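Now for the letters of each chain:
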Amino acid sequence: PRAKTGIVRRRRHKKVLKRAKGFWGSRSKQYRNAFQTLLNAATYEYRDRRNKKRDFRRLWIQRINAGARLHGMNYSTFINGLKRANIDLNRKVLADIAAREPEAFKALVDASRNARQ
Amino acid sequence: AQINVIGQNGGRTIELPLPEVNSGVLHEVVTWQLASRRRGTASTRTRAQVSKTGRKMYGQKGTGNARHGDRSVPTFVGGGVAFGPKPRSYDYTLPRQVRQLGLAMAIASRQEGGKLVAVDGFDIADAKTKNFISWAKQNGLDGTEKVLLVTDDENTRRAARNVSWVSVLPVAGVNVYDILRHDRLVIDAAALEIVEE
Amino acid sequence: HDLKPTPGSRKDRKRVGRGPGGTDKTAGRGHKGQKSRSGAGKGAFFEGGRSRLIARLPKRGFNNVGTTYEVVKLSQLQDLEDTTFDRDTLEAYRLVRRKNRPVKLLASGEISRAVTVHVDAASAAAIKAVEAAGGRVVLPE
Amino acid sequence: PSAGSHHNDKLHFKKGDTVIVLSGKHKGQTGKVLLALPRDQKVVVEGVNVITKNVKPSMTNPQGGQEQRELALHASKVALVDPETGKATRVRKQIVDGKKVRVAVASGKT
RNA sequence: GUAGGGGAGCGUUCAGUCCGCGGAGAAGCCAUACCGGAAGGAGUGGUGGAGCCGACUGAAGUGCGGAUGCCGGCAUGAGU
RNA sequence: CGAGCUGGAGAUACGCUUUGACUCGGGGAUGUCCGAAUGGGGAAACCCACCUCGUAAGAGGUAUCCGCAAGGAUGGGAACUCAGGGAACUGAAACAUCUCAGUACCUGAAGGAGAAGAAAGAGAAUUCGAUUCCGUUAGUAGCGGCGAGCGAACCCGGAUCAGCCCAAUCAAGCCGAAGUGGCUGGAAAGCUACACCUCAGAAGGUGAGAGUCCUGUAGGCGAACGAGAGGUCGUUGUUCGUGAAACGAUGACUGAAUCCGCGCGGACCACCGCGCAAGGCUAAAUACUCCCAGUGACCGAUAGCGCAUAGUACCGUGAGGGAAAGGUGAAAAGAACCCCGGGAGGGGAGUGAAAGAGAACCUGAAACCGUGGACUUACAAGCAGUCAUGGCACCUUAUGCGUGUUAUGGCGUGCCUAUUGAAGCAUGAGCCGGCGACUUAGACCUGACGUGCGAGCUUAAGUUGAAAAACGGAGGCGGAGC
Ligand SMILES: [Mg+2]
Ligand SMILES: [Mg+2]
Ligand SMILES: [Mg+2]
Ligand SMILES: [Mg+2]
Ligand SMILES: [Mg+2]
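Residue numbers (the deposited numbering), protein chains in the order written: chain N, 2 to 118; chain C, 2 to 198; chain I, 4 to 144; chain R, 4 to 113.
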């Protein structure tokens, strides 16, 4: 028996078509192109997680020492210090502590020098 | 060992397939049956040949994009049906011992559940069907279940033009399908039912 | 009237292993079947040929197809079967419906007993095993 | 386009009989038949009416407005009735005009 | 993880059977932030105006972006 | 046959209909011109004659071939049948044999069927006993650049079954059981409550879904009157391609017998054996399918025939090729009248359940054009996204998570094919929709899985039943190898 493709294809298409939103021109109105855009889309999506992890620790390390150096230390040093004090062990939120609580951050700062030399 | 219902009541007779009815085999069956009923009808000019069209087109090269034969091929609207359907039969001969084990194992099915016999139906009287329905009532056949009536007796069957209920069936020319098809079996005629070989 | 698709003509499953799905060439987005060139839409690179050892190999022997005898083993008679009668018939039902060809008797089974066979042919120790325990091998005149 | 054959270009009645419009609107309404179009299954019975506007262009002094005419129906009316209610037909015979056959229901006239 | 082999499944029509559904409204269309491991599924609303889901099994002209593919519609060049 | 009819046409007028129209059956009568076409000519349907019968109008004959004579023939048929003539591509991975094939095509003849047929047979049993068809034997025997590859027959099962004669019931058609109320609706055949028929619950129609409203169906009836010889040379056919190669066949040369006769049984001889050639006609089972009916795990409008009808339009000097095209509503009730416009078109009104059905009328996707709104954009280098954050807007699966939009930052070399290697200045492609590709078959081989039997296991053709499947062992596979 004959067996069209009817409705079966329109849908497959609308699926992708609707994934494309602020996709510029053709890329968001033409199947083929819109779809194709989403292969490269794969590439970015997947690799961007394994990656924003890379990006974020960077934002953290940047701040952690623009405070570290705000007293006379610097990330490099500072970090090994809290390290020198197994006691200390944040690293995660450390930046924030250094961004919001200066009162605190100082503490940890001097705490390291006091476990350093 | 089913107790008769009309004009007697032996029963017991008849060894039934072990262990207890097996769809698999009833499946192996039914299927085969339908395959046989399946007729061969393939309206399709599969053939790039069977369709109407010339044979030489434009120019192999130098016309600017193309490369075509006739305008009658899988790839041309109105062309021909590639791998399309042609008439055939899909009829095979299922080993005999299974067609045996077949209904046998199907009767069991019906016995283990809602089986039913009957030796003659003087309870009828003419065609009427009206009274045939009558009997049914006091016969347990409310009218809520698909009934299959196997039995010769020309005049008896003549009473069954009522839907959903029963479905008539001659000279014990039964069939695994029908039986398994309708609910209760009215095996009736102890004809094919008791005595073989 | 609650809800119940019912069991029966519909509750009649397959068998498992009974029958596996076909094969449409497209397993994952990535099908483009057959080698990857040198072969397709045709049929002739066969599987035989006449140079690939076939030829080169010596022979002329000589075919005959003389007579093919119906080996009726010894244990077929002895061991069991109470002289249900060989003759040139019963043996059939006994089981040796070969027709068309002769009927040879050979010495495979061994238990010893008296039984008279009427094979259309028999071997040396074939006979020299029957009578040697009772029975008579009987060849056509 | 098939057309009024499903039945059998057979009007279970005459263009003069009286009938009850069973089914549809005008149920039970009655009237004398006037047009019996067997082929198309059309029946014109004084029952149902309509007010149509005659498309009479340069029709010698137009003044065309909206007429009241009867609009034909199908087997949506059951031919003849005597018990005052719709009725099949079955018991015939003949008259002093054995040269003919009648029809009738539970009763026996028409 | 490419050619290739093996496994489990999604979906489309047709057919048999079961449960049904529908003019206070089917299929199809359209929108959506839900669901499932995927193929995909559902809910709700709008449109629509008559046929139609789900389940088991059977048969398939059964799944598409590519073929200077085929037919049709509409774009660019350009108001040149 | 009984109220209607007045073709499709959808319109008006005229009319015709129980001294039963119409329509359906079944015979007659008319039937211009061309066409085998045939009075003669002819670039088809036109142009010209003659003789006879005759009121003139008008009638008729006027062709060739067989036959005293009746009477027969010329032409046309989709496919099927036989016959005369008979390719190549292609295979054999080249090619001359051979294969493809005696297929395709041409031509002649014929019928509904043909062909074949009543033995100088086949076979190895001193068997069968016209022909043909299906099964099998068997892919066995054998043929073969013994390569590619080609491929019997007997036996046995089954369809069907005859030998005789010369010369010396289906169509027309008619009858045909059984329901109401209330409810929902624009309309009910749906729901609901009681009821009926059922040798007629097959089916279609009726304002949505029909046993009981219509047409039907099961079953019954049913017509004037209508059907049912040897050889030699050259070659060839059968498995037979020269081979040890028979027999059949025939163009060319030749040329026998006749019972103590003749042919053959694969060179050849004897012996053994089967049969009698040079005359003929012959049902039946077999084939096909223009036409008809029924059915379909067939299509349902890019499908299905090319055609929802058209071999038309259109293209070709011609042979020839050859389209696309469906859908108002239940019913026209198809929009009176008024507004703007020459019109087209539109807005009201009115019909309708609906115009959120209006006649460039079922649904009405996508590309593609446009109007309005929201958030944005005039130091910017961009495969066009993606991750992150902030701003703005909105919040029916959604205010607590989000949806949309956007700014800045990071990161980021389209897809496919073909490749050692592709963003690639390497291929393909304007965009969307629909069409579009590993299938079907063979009692074929080989293996995995599963089922039934199991040392045994199976049927094929056909047969009879079929809203079902049993019967049918001819035959095949295990069973001893070398
Ligand atoms: Mg076609
Ligand atoms: Mg494309
Ligand atoms: Mg359409
Ligand atoms: Mg047509
Ligand atoms: Mg190139």
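No lab work stands behind these hints, which were simulated from the structure alone. Cβ atoms here follow ideal geometry from the backbone N, Cα and C, with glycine treated the same way. There could be a bad hint or two in this list.
Listed below are the simulated DSBU-like cross-link pairs for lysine-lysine, each with C-alpha atoms no more than 30 Å apart in a straight line [claimed, not checked]: (1) I:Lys-45 - C:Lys-53; (2) R:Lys-96 - C:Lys-129; (3) R:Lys-103 - C:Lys-131; (4) N:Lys-15 - I:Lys-7; (5) I:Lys-35 - N:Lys-5; (6) C:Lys-62 - I:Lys-35; (7) C:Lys-138 - I:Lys-7; (8) C:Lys-87 - N:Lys-5; (9) C:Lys-87 - I:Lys-17; (10) I:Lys-45 - C:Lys-87; (11) C:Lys-138 - I:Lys-14; (12) C:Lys-116 - I:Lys-7; (13) I:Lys-7 - C:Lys-87; (14) I:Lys-7 - C:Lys-147; (15) C:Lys-87 - I:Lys-76; (16) N:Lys-16 - I:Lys-7; (17) I:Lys-62 - N:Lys-16; (18) C:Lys-57 - I:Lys-45; (19) C:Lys-116 - I:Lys-17; (20) N:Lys-30 - I:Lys-7; (21) I:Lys-17 - N:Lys-15; (22) I:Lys-7 - N:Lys-5; (23) C:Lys-53 - N:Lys-5; (24) N:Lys-16 - I:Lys-45; (25) R:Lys-90 - C:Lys-129; (26) I:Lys-14 - C:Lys-147; (27) C:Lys-147 - I:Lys-35; (28) C:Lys-53 - C:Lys-87.
Every beta carbon over 12 Å from chain I, so not counted as near; a handful from chain C, in silico [stated by the list, open to error]: (29) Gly-12; (30) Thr-32; (31) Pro-88; (32) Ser-90; (33) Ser-110; (34) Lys-131; (35) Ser-135; (36) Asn-140; (37) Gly-144; (38) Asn-163; (39) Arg-182; (40) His-183.
Do the hints match the structure? See the list:
1. I:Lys-45 - C:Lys-53: 25 Å, holds
2. R:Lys-96 - C:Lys-129: OK: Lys-96 (chain R) and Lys-129 (chain C) at ~27 Å, within 30 Å.
3. R:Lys-103 - C:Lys-131: Roughly 36 Å between the alpha carbons, so the hint for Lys-103 (chain R) and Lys-131 (chain C) is violated.
4. N:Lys-15 - I:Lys-7: 36 Å, violated
5. I:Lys-35 - N:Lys-5: Since the Cα atoms of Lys-35 (chain I) and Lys-5 (chain N) sit roughly 23 Å apart, the hinted pair holds (cutoff 30 Å).
6. C:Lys-62 - I:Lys-35: 28 Å, holds
7. C:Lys-138 - I:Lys-7: Satisfied, since the Cα-Cα distance of roughly 26 Å is no more than 30 Å.
8. C:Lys-87 - N:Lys-5: Roughly 18 Å separates the two Cα atoms, so the pair holds.
9. C:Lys-87 - I:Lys-17: Roughly 28 Å between the alpha carbons, so the hint for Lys-87 (chain C) and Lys-17 (chain I) holds.
10. I:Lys-45 - C:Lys-87: The hint holds at about 21 Å.
11. C:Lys-138 - I:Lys-14: 29 Å, holds
12. C:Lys-116 - I:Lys-7: 22 Å, holds
13. I:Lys-7 - C:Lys-87: Not satisfied, since the Cα-Cα distance of roughly 40 Å exceeds 30 Å.
14. I:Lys-7 - C:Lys-147: OK: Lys-7 (chain I) and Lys-147 (chain C) at ~17 Å, within 30 Å.
15. C:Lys-87 - I:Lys-76: Distance ~52 Å between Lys-87 (chain C) and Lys-76 (chain I) Cα, so the pair is violated.
16. N:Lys-16 - I:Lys-7: Distance of about 35 Å is beyond 30 Å: violated.
17. I:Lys-62 - N:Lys-16: Distance of about 69 Å is beyond 30 Å: violated.
18. C:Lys-57 - I:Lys-45: Since the Cα atoms of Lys-57 (chain C) and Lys-45 (chain I) sit roughly 22 Å apart, the hinted pair holds (cutoff 30 Å).
19. C:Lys-116 - I:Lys-17: 25 Å, holds
20. N:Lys-30 - I:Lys-7: 46 Å, violated
21. I:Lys-17 - N:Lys-15: Violated. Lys-17 (chain I) to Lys-15 (chain N) sits at ~37 Å, over the 30 Å cutoff.
22. I:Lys-7 - N:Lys-5: 33 Å, violated
23. C:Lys-53 - N:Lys-5: The given pair, whose Cα atoms are some 23 Å apart, holds under the 30 Å limit.
24. N:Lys-16 - I:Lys-45: Since the Cα atoms of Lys-16 (chain N) and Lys-45 (chain I) sit roughly 39 Å apart, the hinted pair is violated (cutoff 30 Å).
25. R:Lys-90 - C:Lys-129: Cα-Cα ~25 Å, so holds.
26. I:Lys-14 - C:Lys-147: Holds: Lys-14 (chain I) and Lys-147 (chain C) sit about 17 Å apart, inside 30 Å.
27. C:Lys-147 - I:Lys-35: Roughly 52 Å between the alpha carbons, so the hint for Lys-147 (chain C) and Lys-35 (chain I) is violated.
28. C:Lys-53 - C:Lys-87: 17 Å, holds
29. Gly-12: 24 Å, holds
30. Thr-32: 9 Å, violated
31. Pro-88: Holds, since 21 Å exceeds 12 Å.
32. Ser-90: For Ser-90 (chain C), whose nearest Cβ neighbour in chain I is about 19 Å away, the distance exceeds 12 Å, so it holds.
33. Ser-110: 9 Å, violated
34. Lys-131: Label holds. Min Cβ-Cβ 29 Å, cutoff 12 Å.
35. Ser-135: 28 Å, holds
36. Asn-140: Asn-140 (chain C) clear of chain I: closest Cβ-Cβ about 22 Å, beyond 12 Å.
37. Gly-144: At about 16 Å from chain I, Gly-144 (chain C) clears the 12 Å cut-off, so the statement holds.
38. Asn-163: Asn-163 (chain C) is indeed farther than 12 Å from all Cβ atoms of chain I, at 21 Å.
39. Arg-182: 6 Å, violated
40. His-183: 9 Å, violated
Hint check: violations occur at hints 3, 4, 13, 15, 16, 17, 20, 21, 22, 24, 27, 30, 33, 39, 40; the rest are consistent with the structure.
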